[PDB]
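A.B. asks: For reference, the chains in residue letters:
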Amino acid sequence: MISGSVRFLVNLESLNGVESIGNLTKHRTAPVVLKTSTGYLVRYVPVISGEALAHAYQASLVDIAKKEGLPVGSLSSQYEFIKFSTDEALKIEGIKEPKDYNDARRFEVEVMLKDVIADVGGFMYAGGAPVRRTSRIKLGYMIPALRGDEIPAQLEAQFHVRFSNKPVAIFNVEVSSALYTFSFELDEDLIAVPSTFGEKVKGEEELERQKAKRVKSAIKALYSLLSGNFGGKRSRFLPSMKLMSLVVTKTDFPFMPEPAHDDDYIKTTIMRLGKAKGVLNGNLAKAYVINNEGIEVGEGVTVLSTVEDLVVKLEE
Amino acid sequence: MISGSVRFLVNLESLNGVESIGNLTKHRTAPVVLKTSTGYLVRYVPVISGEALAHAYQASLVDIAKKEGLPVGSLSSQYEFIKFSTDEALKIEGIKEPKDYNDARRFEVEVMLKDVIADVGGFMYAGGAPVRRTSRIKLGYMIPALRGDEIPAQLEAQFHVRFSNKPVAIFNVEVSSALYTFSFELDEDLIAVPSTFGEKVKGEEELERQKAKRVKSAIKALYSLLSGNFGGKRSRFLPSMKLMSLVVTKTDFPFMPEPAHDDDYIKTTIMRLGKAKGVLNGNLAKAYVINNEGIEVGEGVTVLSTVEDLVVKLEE
Amino acid sequence: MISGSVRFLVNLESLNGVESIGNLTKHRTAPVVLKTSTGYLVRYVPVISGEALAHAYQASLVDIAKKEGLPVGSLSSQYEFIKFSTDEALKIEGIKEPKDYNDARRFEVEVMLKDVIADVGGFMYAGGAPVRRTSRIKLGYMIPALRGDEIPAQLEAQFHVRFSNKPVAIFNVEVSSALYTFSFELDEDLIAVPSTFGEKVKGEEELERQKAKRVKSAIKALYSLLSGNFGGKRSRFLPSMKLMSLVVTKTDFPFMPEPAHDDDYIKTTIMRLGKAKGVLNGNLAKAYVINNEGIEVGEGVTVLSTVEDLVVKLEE
Amino acid sequence: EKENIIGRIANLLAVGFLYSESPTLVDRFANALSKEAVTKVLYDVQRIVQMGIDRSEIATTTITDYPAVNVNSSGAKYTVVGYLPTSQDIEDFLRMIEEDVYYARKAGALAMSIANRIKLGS
Amino acid sequence: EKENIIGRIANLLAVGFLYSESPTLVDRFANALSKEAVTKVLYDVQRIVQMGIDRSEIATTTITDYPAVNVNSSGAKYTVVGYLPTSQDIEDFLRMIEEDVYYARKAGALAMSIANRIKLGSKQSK
Amino acid sequence: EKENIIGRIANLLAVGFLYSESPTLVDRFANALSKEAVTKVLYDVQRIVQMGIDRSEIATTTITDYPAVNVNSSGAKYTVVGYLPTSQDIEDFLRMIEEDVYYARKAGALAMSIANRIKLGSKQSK
Amino acid sequence: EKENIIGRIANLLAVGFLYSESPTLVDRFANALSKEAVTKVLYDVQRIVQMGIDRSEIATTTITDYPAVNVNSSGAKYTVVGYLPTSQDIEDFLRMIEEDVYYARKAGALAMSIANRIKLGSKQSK
Amino acid sequence: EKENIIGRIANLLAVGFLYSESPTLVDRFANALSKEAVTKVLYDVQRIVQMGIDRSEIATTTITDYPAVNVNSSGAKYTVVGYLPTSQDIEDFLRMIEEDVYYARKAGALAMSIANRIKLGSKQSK
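Chains as they are written, first to last, in the authors' numbering: chain A, 1 to 168, 173 to 320; chain B, 1 to 168, 173 to 320; chain C, 1 to 168, 173 to 320; chain N, 6 to 69, 81 to 138; chain M, 6 to 69, 81 to 142; chain L, 6 to 69, 81 to 142; chain K, 6 to 69, 81 to 142; chain I, 6 to 69, 81 to 142.
Treat the hints as calculated values from the structure; they're not laboratory data.
For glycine and all other residues, C-beta sits at the position ideal for the given N, C-alpha and C.
There may be inaccurate statements among the hints.
To be verified - Output of the computed footprint for chain A on chain B, the stretches with three or more beta carbons under 8 Å from beta carbons of chain A: (1) 26-34; (2) 258-265; (3) 272-279.
To be verified - Here are the simulated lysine-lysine pairs, PhoX-like style, with alpha carbons at most 25 Å apart: (4) C/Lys138 / B/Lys237; (5) L/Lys135 / M/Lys93; (6) N/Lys93 / M/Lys139; (7) C/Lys206 / A/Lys166.
Here chain A stands alone, though its shape is the one from the complex:
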């Protein structure tokens, strides 16, 4: 598996809006409790949800896959990720509905062969005989680090006007600048593998042949997320991102690194990686670290310089 913890720095940004009130567009904020000598203080801090990141990842995967000739669904070629959910969705693509429970696996395989996004991204079909597929990529909310006794995040309102020669033209937009941190998980080993018990159905050999290409495309799609191609309002409010710290772990057993909310979170995750490999009888355990803020790292880690080298090493 692959696990990652990344720290970001963003300035003058508005990517995830919320319900508009009056003539105002508001940012998404969450409450946090901060400890002080006097007591506790409740503060509202901007956040970015985990659905926009998934949408960006799926769009990038579609763009990469259509170049290599991998199958792509009709409604997924258009950036409309409804997926094979209801009968109307299946009618356009041309897939017969599952007959009963015993045939369910077959249906999955057919879907698994007619759309790559339904495989890596996962799909759910509601009906008499539902079929499930959990996503192979797991993403979390983007929340700035609660480090020390100060929250490095702000949120202000900006006033904008449109010019007209015959007045009879005013709006407000919320902008923010924070220090974000987020973590993610991916399981390249389970790609191109069905997730339903039963007997093998004709057509699995194609999946076995396409496993390597699907894994390569799924790994490649992480470059867009790690480069900052997510969110909205990029036409006039294009942000300014930058990479500070990054830890990526590749193992053969479940594992995750520590959250990047403290100033020393690489030494802890390295020690925990060693301890977990000691108990779970693992064989492969590798850690890649990119450091730009000059925090302590440790020993026994390969140090990279960019994100492209990380992707190359992960693919190798």
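Please build the complex by placing chains B, C, N, M, L, K and I on the supplied structure of chain A, with the hints as guidance.
C.D. replies: Here is chains B, C, N, M, L, K and I on its own, set in the frame of chain A:
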């Protein structure tokens, strides 16, 4: 794609304004998070919105299109970019509103064959069948470089009086001086190409014929932004601008150059461009650098002298 | 268009004033960001506002128009440029306020056939139907050259007493000495042309008849600015001025000469003018250079001796 | 005493709104997410009130006796019942905001209620 | 002690405002985004107070006893209750500004409150 | 040590101001934009202090013990608490000014605070 | 090495001032706008020091060991700590003056600081 | 080469001063306003040096090796380090004086520095 990072030095400046208090005209200010040897700090710094840059670019594009014979909308002929948002604009121009979803493409084409501004900068129509078109040019806020521990920016107020022979006439104006940096990105491979999915509609042949001229005009329009023809209050507060550093990258794959915050942001972006071309299976990657401050550049990089040469090279 | 860059050397100067503290009269000062071999620094330097230059230019234009028989407004006949902002000015001059938007053009013409100052320097009327006209001459603050690591400017205070036979009379005056530089722009292709969009209104024939005389007067009015007839406190603090370098460019397309901050700013602007004419598909580009400090100029450039020759050449 | 401070801040915001005829400062106060936004509004509203005091268009009075503030926005005469905040009330209110920005929303809601009731009666 | 320093700076700004009849220095102080703007106002307000001291129009007093500053301006008499800042208060305040310019806004808001209350009371008595 | 140097320069400026009864040198120092203006004031103030030393109107003393400078001017007696700058303090201060003229404004603000407090106390006792 | 040269020139000016009891040469040096004025003072001060050497009223010594110059004037004894300039220091200093007359002002400011500190200490002991 | 000529000149003036025990020729040289005064001193100092040579009281030597001139006067022994001027140095120096009499002041200042350092060292020994 064409992606650029530009650094400017401006003194005694006031091009962007906000709401006024009393007899004082205020300059736009935003919070920024900056890293120092003691940690992270939050500061308030004057900034310039990207909407002014977009307006200047669109006005220059209007002028170029009118000079070269390309069609220009009736409302867009006057410098009022309401585009086709409201029903009054549609009535003035004389375009029927879309009936259902299947007709939306037709409406888009009708909008796209009359005004180049709608084609390049995108547009929105809200109603029973909403129509969207994302802008093909992306800009951002103009922020001074966050280099070192001291921000190279300053803001102050100035005193002015109006003469009168019969007193019964005093105001204040905010003036700033800074070293600004900003980045931009425009996709010329999607100019004069419909975005709404559907069937073929008569009139696309004219768009295919005019695609080359539209792309040439869009490329030419960047000269105003790269020269310094933007902002307001130029009648009595004409600023002093001087180019210091410029990086332009032409690629066939998505890419984003490093922000102009660190002194070494050309070598890094060139190395990242090379590695990204290697890893993403590209077929074209070119870089142009204009340097006037004697900072490190690298090896095997084309060096220009002015901006007109860059525009000519991009056109060719 | 006519765009110019001028360098002056002034000693023992006080033409612009600000609020006074105690018995001290202060000189206007502004912050500037300057680049040295050690990086970037912020300094406080005396400056001169551009509003004084605009007032001097408008007064000279009033004198020339009165001498040549062109109409001059009643309030503008006295050196009080309130123009037509308030209702009292309209009542004094005797012009009816606009009724609706469609009448605005008429009002503009009525303002434009009575005072050349409103035509050239623009004007504003605020009310139910606001009317705007941007100035056709653009100036900026007068800043000393930011060349090298040392700013060639100095400011000090001087002591003065008033004599009296019965003591019961002491003041201080700020005096500066510097090498100032400033740039100006004037588009003569829009003089005597209405700016508000609308239908034809009787009275434009007179404007077409007087267009040549208005353009000639506007060109002639620049002699006062290029000679040194501006600023206050000239009765007892007459400054010593001496021209050092001047560049003037006449083009049919937008262009901006380099600021007079570097020793080599004539060759650069000539090369940029040639390349801009090549790239922008122009049809006219002429340059005039006055040099008295023996710096590099270039080749194929007309060289003048005084300013009157330049004015005559521009008129012809 | 916290409610009395909030009430006096609400009176200041209501006086500033009635005198300026602009809701913008009350909107900024009620939407504040930081001490910066609250403190900026507290200055700007007091600066508006200071101009009204210098013009003699804002004056303290008593009305049947309750303390009140008379506001003239021209012929539009308004009377806000209550005291304006003291320097100590502003300082104690800023300390309350440093603990919880909710108190700015509470003061904004009260200020808008005062202004609306007075505008309806007028 | 930080609040006492801010309060003494606010008293200095209020005395300078009441004596000069100009809000311009308090406006500059409350809008400051740099140590330069704050330090310039701290000089200019003390220079105004110095002229009032030399003219005997600004004097320290006690009032029922609390320390106070009497200010005479244009035939109006004002009394600000409290101390003026020491040289150490100015230096410690400048160090607070070098950490966070917020303290200039806090002092400006307090100074304007002091001046407004005194001006309102003086107009009511007239 | 930078603050101690600035404080000793401020004491020199305050002594020169109280002895000369003129703010002109402190005004020039606090408004300086070049090393030339700062250095000229440092000479001129020390030249004024030198005359006061030769006349025995400026003398070093201790006061309850803290180092102090007694200044006699026009029949007024003033006492500034602290040391005057050394030649090394002047040289290190000029090096600080060659890096950032801000330190002249800081010293001027401190000097005016010292002088104002002493003048206020002397007027109250009279 | 430039600072060491300036410091040795300042010691020469301070010795000449303390021996002659006249500031006139230091005033001329610190106000110099030409190499002529600087060079004339460098001669005249060395000519005064030469008379003090011939009278045995100026002598080099060590003091606890630091190099020093003892000066006897009008029954007062002064000790300046440091070296006097060499012929090479005068020549290198004149080359510095031919580039920038600022160095004469720097040396004059240091010389006056040395002399003032010594005069203050001598008056206090009396 | 101009500095080498001026230095050799200094050395001649310093040797003449140490041998004659009179500053009068160096005073005349450093105060010269005409080529006449300079040329007269160049003759008179060389005439004094010629007498010292004929008496074997002035001799060229090497000292640890640097060229030097030993001078015996009134039982004192002095050593000036360097060369005496050649006939070409005198001619080239007179041409420099015809352009600018400043070079006579420069040579006089150097000569007095050489003589003062040697006299100080001789008085200290013993």
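A.B. asks: If a hint holds in the structure, say so; if it does not, say that too.
C.D. replies: Hint by hint, here is what the structure shows:
no. : hint                : result
1   : 26-34               : holds (count 5)
2   : 258-265             : holds (count 4)
3   : 272-279             : holds (count 3)
4   : C/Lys138 / B/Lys237 : holds (10 Å)
5   : L/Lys135 / M/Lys93  : holds (22 Å)
6   : N/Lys93 / M/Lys139  : holds (19 Å)
7   : C/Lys206 / A/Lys166 : holds (23 Å)
Going through the hint list in order, the structure satisfies each hint without exception.
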